[PDB]
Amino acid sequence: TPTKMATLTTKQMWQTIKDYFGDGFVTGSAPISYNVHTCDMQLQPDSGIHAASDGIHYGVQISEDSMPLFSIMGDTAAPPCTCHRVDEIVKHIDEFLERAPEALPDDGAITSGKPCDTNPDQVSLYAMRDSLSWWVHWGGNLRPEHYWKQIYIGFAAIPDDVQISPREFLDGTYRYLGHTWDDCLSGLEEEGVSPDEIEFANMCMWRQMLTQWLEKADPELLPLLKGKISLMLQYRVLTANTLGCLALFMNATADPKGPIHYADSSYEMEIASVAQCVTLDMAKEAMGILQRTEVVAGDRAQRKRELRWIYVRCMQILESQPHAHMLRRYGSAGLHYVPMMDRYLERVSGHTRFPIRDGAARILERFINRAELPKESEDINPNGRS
């Protein structure tokens, strides 16, 4: 076997995740399609009669018919289905990756939109704060046995704020708070995550890094998805990687009496990952007010009715799924983590950064591999090693 070790091109990485995920419910949709078609979800009437063990008792339960009571909400309406056009998106990405150079001038730049972000390791530190905050609102704790699962969350958070070349992520050039990606994979192995589960979360991260980079590097991609709400939602869940994060969270939280097999649990996991992404839009509306009142109508209002339509049906499906005791809370967690997390309060307060207070810095310290930090980042989290 001639040892060939040239770093995969972005096109070859795209092809790798195609071969792994395969098509979703539309042919030619690999790798950017889920197996579940949310446009086909139905809402069952609630008889109000529930056993003590019913899944409706988990998470946050907001009936569809009650949503007009809340001014930031309203009623629901079925979205139009543009999902069959996903093959045209994949074809376009195939074209773009054939000609794309192996590196870009803007690779590694800050894209958080906040003018005070100038050091990528500082941005990574704020992402670790955010990552642990999500973990806790999902239901997890800060016990040390889940260290590398929480590092994974940080890897999932940072490509939103930093343009990360998928090749530098792959080959070890990019480091999150001093950790290479392979350091994270090796850590998950140490934490006992099964090889099959690691590869699933690994491929989900490959797909996130690729789709995050594509929307920054290919100016045509987002305008292609815009307005096609069913396709845009699918793409947003991929760039958020709520599915990969969920896989490792279930591993950390599961009753010790088996492994998380996508084959068996793909449906509940995809449904729960879609629900949490929709809660972001539902909850962000209150933020500006919590600091800005406006009448929203027309197509803007229609998009919100469609997102609420998807959310309530996702949540009802989770009631009867085997892991409702974990997934209902994951699905609705944004209804309480958005109003509490610095990440979102910072945006409303003039796009500044909240200082990392002493208590938070001490929590974050152990997630930093200082030995592998650049010289210019030697001084990050100064109040943390106290």
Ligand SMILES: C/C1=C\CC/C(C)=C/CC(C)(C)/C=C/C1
Second form
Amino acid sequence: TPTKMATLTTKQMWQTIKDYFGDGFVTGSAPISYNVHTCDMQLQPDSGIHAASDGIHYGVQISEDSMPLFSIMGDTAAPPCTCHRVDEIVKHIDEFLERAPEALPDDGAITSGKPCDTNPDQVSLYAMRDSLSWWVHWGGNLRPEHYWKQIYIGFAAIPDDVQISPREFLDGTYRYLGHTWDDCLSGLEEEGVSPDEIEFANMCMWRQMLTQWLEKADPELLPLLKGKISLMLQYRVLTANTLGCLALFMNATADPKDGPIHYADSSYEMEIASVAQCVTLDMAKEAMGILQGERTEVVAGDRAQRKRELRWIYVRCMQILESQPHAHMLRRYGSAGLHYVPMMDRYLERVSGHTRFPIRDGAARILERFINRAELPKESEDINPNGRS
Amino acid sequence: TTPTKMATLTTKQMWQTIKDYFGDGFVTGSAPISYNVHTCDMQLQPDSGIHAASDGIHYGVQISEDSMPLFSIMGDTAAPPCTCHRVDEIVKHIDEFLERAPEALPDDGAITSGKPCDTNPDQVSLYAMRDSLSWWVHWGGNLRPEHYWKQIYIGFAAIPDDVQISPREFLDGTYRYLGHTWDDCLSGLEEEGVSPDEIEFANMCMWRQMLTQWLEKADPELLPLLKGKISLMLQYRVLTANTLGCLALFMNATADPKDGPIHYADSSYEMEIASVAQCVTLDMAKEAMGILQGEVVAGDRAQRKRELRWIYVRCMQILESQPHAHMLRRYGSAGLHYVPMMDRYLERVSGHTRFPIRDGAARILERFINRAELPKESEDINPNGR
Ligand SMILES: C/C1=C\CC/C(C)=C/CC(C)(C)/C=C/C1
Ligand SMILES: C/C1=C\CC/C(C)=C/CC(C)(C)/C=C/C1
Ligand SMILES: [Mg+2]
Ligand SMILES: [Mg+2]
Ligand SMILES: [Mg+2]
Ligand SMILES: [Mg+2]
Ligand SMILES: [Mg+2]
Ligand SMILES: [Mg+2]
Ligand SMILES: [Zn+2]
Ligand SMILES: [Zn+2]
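Based on the form solved without the ligand presented above, generate the structure block for the form deposited with the ligand bound.
Time for the whole complex; same chain goes first.
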């Protein structure tokens, strides 16, 4: 086998994840591929009689009929089904990638929404803070055996706040806190994640990098999604990559004694949990007054109705999760935004005028080991200055 | 038979009654401020990082202690100093107050909600009913009618924080919560199948709450006496919040029916722990609400919060292995998601105003109002609720 090393074009990456993920329930949807048709989900009144081991006891439980009690919530309403037009979103992207250049002049630009950000590695450092904060609220710990899974969460965070070229992410030109993407894959191998598991998380990361970049590079894409909650929700869950992060979180959290995780068998419950968390993310952001106005706002337009539709989907996602095999992990994952948004600096910084909170010594010492200082550029050599020992 | 006697208890006899019921805690002479668990002796065990699917750690919100520095509204933790052995001095002072205090004060009935637009105490009760259902739901409960009177109980537990209620008027039926006397609630709990011994425990917890909520508003020398003594202030706040009595009824509504009736004698340990933990989450989440209101915490406040977090993480870790972790873990950490979502706290962030009760919420609250026993000035309460 002669050593070949040509890097894929952005168009070829898009085609690769098409071949890997295939179509979802809408023909022509690859790689925007979902198993569950949210519009066909049902919700039953709770019986009020539950066994001690029932899934309802996990996560945060808020019955649909109680939501009008919270002024920041309200009632629910079924959305109009726009799912079948996802193939039109794909064809649009296909056309955009056919004409877009392999490199944009603003690749590497900061898109965090916090104007005091000027160094992309400092933005990465704040993203590592955020990543560990999510991980903890999902139920995880900071133990060293999950280092590279936590780095994965960082890679999943940073393309939201920096415009990362998919090619540069792929070919190692882009580094997150000094790490290339391949470093993360190699580290996951060292941590014992199986090859097929790594490749799934890998393809989810390609898809995240691609969709994060597309919505920054294509001025028509976000306008095409807004107003169509089914399509917008499908897209925003890809840019958040809750599914890829979930797969690795399950790997880190499951006890091998309970038997191995059959991930294909769990694909539906995992998807539902990933969608549910993104809804609680925006539900809690709305309660903090930081959802309205952001460029990627999921509920833009008729905000009141779009939010009714999100709540409609959320309660149905959560009820289904009560009865899934991995409810002891996925219920909390699905509702985690309700407690991590009000506590995390990422969001309180937005409440506070889109500023930056200082990273105190305690947090800096945590973040230090996640920095590969040897591979930082000269202008970033002194990030996290209070975290060294 | 026995002749019909109906004399109402004096506020001292109320205080003495709950002393005989609750007895002393782990400190002698601490009745009725009785806690069996000494929070200062708690020890945090190391996290092996391996937890079975059935492990209680999966319930509620799990935040490892060593990760708390990542959050600017939090930080690290530090053990509190032990002042819980001075609780007997708090009792004897209260005795002194009640041996020279009237049975009726001038400002009994005044509104203490902290929201200046409140003028009608029955409207204040309506907002408290909204808050009560919101807590109940965030603990994990539902709105099914078989728990109506347990939800009324939460209302009785909420309202003494927002209205100065005389313990004797709460007892004799003079005070009505949305038209309900206290006896109406007790009678309803019986009709709902709560065993007599459970009702009486919840009853005595409500007696104790009404007394302590009234003592702190009446005696200006009580709270200053508590301030600076974190372990005593925390014990007193839990009594005035009545998380324990509310927990008892929530557990009764939520427990597996194959579970034998869960009596405080069986589970006093886990119930106290969970009751303390939830009150700490109030302090933790309210700091985030300060930012919303428009990180810099320092000095004694910052030290206070270090000690509350220390208690919280140790309480939550203990709940991992308790038999009712599938209920109490969520109860213990519930403030972390209900404070940022509830009107009660968003109203304060928004300038201590009041949010309108919209049609959907009014229709939920309607059935909790005994309109037949409302005063005339309150007959138009909850107008959009039919
Ligand atoms: C799976 C992740 C978190 C949960 C959802 C969320 C809040 C995403 C935001 C961002 C895209 C920045 C990070 C993704 C990492
Ligand atoms: C057990 C209760 C709620 C949870 C804790 C809390 C937020 C108390 C506030 C107040 C004392 C007004 C009500 C008590 C009812
Ligand atoms: Mg065009
Ligand atoms: Mg985004
Ligand atoms: Mg974003
Ligand atoms: Mg551009
Ligand atoms: Mg109070
Ligand atoms: Mg209060
Ligand atoms: Zn649809
Ligand atoms: Zn002590």
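We call the rigid core the largest set of C-alpha positions that still match within 1.5 Å between the two forms. Numbering follows the first chain given and starts at 1.
For this session: After superposing the two forms on their rigid core, pick out the one entry in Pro105, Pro219, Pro101, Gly298 with a CA shift of 2 Å or more between these two forms.
Result: Everything else stays below 2 Å; the exception is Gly298.
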